[PDB]
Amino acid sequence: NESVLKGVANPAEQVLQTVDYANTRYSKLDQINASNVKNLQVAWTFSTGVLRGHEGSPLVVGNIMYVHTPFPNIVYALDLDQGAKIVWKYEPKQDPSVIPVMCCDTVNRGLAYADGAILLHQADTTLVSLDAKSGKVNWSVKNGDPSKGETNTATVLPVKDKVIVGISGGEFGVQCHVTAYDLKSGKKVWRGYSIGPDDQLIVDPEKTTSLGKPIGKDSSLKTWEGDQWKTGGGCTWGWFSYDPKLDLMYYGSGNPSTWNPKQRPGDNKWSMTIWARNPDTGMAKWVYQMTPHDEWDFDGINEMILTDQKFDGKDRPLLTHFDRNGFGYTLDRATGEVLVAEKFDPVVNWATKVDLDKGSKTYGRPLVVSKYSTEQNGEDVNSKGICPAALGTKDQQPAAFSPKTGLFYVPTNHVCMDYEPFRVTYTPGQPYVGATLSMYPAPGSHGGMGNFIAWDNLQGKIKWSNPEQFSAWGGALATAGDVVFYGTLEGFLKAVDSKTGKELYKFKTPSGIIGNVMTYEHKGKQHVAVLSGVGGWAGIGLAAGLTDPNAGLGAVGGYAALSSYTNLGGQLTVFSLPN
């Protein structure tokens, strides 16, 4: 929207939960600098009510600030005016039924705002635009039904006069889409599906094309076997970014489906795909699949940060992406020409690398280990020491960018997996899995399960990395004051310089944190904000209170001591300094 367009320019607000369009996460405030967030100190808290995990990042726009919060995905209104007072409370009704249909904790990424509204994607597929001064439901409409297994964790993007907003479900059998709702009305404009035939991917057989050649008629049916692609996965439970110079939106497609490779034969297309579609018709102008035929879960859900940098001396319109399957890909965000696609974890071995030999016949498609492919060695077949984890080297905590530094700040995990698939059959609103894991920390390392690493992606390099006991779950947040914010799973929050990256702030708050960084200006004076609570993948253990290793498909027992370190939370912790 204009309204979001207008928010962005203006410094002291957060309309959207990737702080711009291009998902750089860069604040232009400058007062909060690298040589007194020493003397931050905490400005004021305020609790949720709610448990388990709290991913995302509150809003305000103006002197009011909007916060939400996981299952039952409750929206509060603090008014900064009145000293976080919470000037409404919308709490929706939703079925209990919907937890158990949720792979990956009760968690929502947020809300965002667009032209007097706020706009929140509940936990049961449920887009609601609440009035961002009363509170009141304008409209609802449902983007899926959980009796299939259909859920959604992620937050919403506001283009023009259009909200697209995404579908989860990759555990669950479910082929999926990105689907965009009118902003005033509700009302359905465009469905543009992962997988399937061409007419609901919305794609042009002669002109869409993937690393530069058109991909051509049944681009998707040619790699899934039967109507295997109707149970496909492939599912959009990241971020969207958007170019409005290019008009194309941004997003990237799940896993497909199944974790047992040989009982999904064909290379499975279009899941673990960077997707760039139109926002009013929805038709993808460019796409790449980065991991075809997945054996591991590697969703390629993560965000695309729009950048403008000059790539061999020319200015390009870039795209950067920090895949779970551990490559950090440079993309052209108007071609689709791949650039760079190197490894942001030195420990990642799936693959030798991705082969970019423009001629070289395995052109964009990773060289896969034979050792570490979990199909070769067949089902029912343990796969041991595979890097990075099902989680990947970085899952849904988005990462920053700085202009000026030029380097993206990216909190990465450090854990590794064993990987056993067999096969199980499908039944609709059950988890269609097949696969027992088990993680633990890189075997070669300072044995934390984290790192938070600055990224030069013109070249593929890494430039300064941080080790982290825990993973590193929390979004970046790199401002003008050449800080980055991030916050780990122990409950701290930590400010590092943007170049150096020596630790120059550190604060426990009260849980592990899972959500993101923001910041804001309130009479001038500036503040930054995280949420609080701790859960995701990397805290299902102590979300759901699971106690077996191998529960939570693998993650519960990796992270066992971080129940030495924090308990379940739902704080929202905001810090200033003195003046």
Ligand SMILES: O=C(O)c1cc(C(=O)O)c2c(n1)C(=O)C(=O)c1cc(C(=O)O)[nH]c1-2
Contents of the next structure:
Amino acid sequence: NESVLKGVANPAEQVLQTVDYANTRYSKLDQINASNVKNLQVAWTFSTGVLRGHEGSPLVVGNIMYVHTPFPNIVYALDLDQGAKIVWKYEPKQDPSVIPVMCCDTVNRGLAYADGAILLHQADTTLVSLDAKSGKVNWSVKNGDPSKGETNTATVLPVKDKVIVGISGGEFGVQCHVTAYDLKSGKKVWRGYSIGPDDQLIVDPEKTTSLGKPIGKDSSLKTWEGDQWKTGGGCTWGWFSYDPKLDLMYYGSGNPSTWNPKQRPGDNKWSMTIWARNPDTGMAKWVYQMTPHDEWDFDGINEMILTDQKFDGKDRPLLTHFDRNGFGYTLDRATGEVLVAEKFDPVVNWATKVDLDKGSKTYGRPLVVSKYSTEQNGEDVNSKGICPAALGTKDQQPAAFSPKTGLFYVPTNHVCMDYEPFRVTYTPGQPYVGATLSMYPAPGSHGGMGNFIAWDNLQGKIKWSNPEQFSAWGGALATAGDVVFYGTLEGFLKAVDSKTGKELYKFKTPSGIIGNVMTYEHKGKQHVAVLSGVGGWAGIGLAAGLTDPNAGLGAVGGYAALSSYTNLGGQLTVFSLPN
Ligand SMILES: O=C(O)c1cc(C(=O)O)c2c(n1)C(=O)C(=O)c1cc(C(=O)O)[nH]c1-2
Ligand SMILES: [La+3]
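For comparison with the form deposited without this ligand, provide the form deposited with this ligand bound.
What follows is the entire complex, opening with the chain shown before.
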């Protein structure tokens, strides 16, 4: 919406979970800079009343702050003028039957502002348009059916007069998609599935290009066996980006259906894929699969950061993406050409490289190492030592980009995995996985399970790396003060120098941080806020109460030592400087 581009142009606000349309997570505010951020103090705090994992960030439109919670996804409206008083509250009624049909915690990744409305996407696949000034419901529409195992954890993207939403359920045999709804009415406009026939994909077989060449007819059907694409995954629970000058929205598709690759032969397109659609029609201009025929649940849903940098001496419209498979891709967001494809964790061993030789016969595909391939090791065989784990080198936590340093600040994981697939039959509403996993720190390094690194997307190198004891599940934020903020799983909100990488600030929030750090400006003064509350997959052992070491799909026993640093929580902490 034009109401969104007016909010991105106001650095005192945050009208999107992604900061800007380009998903850069870079704020122009420079009141809190590298020279005074040591003096940062807590201004005020606010508890949400909800436990489990708190992802996302609050929005601040004008002088009103909007805070969301995990299930049942309550929306608070705090009057920043009235001392953070609750002006209106939206407590939705949802079926508690929806919690067990969620892969990995009851999380919700935030709201969005458009045309005076607060857009909420509930866990039960219900899209609600709430009035920003009163909280009254403008319209409610159900995007899916949790009876079939279809939930939602992602945020929405408002573009022009439409709202594009995602759906979760890659672990429940869901044929996922992305859906555009009317902003003023909530009517369905177009629905672009990630898998299936060409009409359901909304793809031009002669004009939609993959790796520079047309995708052809039945590009996705010819890579699936029989009717298993109807339960084929490729879900869309990540972050959405948009370039208005190109009229293109970008997102990533999730894992292909079950975790047993033997019963799912073929490339399983277009799961694990970067998409580029028209917001109005849904027509894909170009498309690129990162992990063909997945064997490790390397959901390719991570954010698509749009930047304009000089590549080979030419100013190119770029697209950088830090995938779960451990590779940081740098693409031409206009054509879809893959320029760079390197590992942003040196321990990644599942593939030797991503073949980018333009006449290699394997152009654009990762060279799968047979030692760490679960399909080659076969069903009911434990593939030991695969790095990264199923949670990947980087999960839902979004990375940030600083145009001053030209670097990407990505909160990474450092966990490897034992993987044993087995055959499973599909029942609607029941999980459709077929794998028993065990996670543990990488044998190298220092025993830590996380790193906060700086990335150069034009040569594919790590400029500097900061270690972390546990994984870095919190979204990062870079500012014009040469600072980057991110939260640790032990509940620490850290600030590092954009160029050097030195820790400048560290404060203990009440719980582990899996949400994204945000900043805003009220009465002329910059504040930085973050939601605390450990959860997601890293804190599934604490959030779900699991005690088995293999429960929670391996992540319960992988983060056992997390319990001696944090409990469950639901707090928002706001920081500023002494007046
Ligand atoms: O394919 C899917 O349907 C889906 C959904 C989610 C989700 O909705 O949160 C996750 C995953 N997959 C996944 O693979 C994963 O590792 C994961 C971690 C988290 C989290 O909250 O930290 N969600 C999800
Ligand atoms: La998944």
